[PDB]
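The chain below stands alone and is given in structure tokens; this is the form deposited in one PDB entry.
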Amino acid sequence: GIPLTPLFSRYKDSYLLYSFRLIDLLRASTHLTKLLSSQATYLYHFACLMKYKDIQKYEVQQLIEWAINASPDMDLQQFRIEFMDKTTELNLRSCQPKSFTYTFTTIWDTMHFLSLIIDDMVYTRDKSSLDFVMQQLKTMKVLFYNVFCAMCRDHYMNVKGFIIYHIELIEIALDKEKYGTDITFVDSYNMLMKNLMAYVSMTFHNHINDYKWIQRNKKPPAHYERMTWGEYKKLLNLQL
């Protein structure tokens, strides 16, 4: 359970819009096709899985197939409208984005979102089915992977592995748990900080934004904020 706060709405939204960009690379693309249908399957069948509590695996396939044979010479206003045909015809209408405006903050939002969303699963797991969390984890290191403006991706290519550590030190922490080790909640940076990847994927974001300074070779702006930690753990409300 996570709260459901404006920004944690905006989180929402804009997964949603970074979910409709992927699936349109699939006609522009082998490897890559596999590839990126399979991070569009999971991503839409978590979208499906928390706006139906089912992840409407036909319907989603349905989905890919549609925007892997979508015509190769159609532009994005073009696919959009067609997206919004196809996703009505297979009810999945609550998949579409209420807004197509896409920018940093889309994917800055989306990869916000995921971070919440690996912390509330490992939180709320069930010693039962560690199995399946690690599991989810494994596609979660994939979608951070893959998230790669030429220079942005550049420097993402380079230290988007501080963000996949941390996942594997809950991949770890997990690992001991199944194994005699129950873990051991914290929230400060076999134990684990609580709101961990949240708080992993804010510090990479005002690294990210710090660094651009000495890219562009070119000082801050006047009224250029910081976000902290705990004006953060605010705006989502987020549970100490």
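We call the rigid core whatever largest set of C-alpha positions still superposes within 1.5 Å between the two forms. Positions refer to the first chain, counted from 1. Compared with the form deposited in another entry:
Annotation: the position in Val200, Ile55, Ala173, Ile64 displaced by at least 2 Å at CA between the two forms, with the core superposed, corresponds to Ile55. Once both forms are overlaid on the rigid core, the distance between the two CA positions of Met121 between the two forms is under 2 angstroms. Core-superposed comparison between the two forms: the Cα of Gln78 travels 2 Å or more.
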Given for the second form:
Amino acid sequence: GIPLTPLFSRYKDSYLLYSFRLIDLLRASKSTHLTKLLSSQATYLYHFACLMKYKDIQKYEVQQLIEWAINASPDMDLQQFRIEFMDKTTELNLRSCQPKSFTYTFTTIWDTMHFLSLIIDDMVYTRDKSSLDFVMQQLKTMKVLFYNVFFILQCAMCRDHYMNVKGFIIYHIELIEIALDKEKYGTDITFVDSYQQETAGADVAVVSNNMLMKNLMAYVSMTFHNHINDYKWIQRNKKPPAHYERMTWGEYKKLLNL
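Structure of the form deposited in another entry, given the form deposited in one PDB entry:
Shown next is a single chain and nothing more.
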């Protein structure tokens, strides 16, 4: 139930490009351990792409795609892998998982993280349908995706920094788990409009309060994204550029029609 907007369309495409570049790494994997980690990450990523598009995951078709990527020739170049990827996904009836744009940049990875955040918010708000158990399983998978992020591009500094602060995101996913658990035991979730209301609601001695900010992960990922960009100037020991600009929640909500 995510609003259709130009930005969300870009997020979807970026997410598919990221997943495509991730499976392209399988044939070049330097170890069984890495192949396993990459294959699992890819399986989960495509699962969420299909959940939104097909309102279900094509566990079978996705597995066939991943199996194909694992066995693809390592001598093959990216252009050839692209071509064979398009043919394979067409054959597997996964045309909706094909990227339209192939320009890979940091925006691609950020877009991917923001896309997953919107999925989390949507799966929770519409939990009326699958089941609290299904959602809980999905959140566990989301934590694995965020605990493990493959940059594909090279940036050791980014990797080290993310290692240090990724817990900020994971912490909020756990807040959702707690809210769902409270609902299982009798207290329905009350959605609020601001992060401030959620913070105030959490400042109690009892567990009978169950307030959760609507669009929480969208806000959390936006805030995290701003933080990384605010901190890079400290990493470079420099004053931020005169035209450095941060994203505001009001602007972000408008862009995604939240």
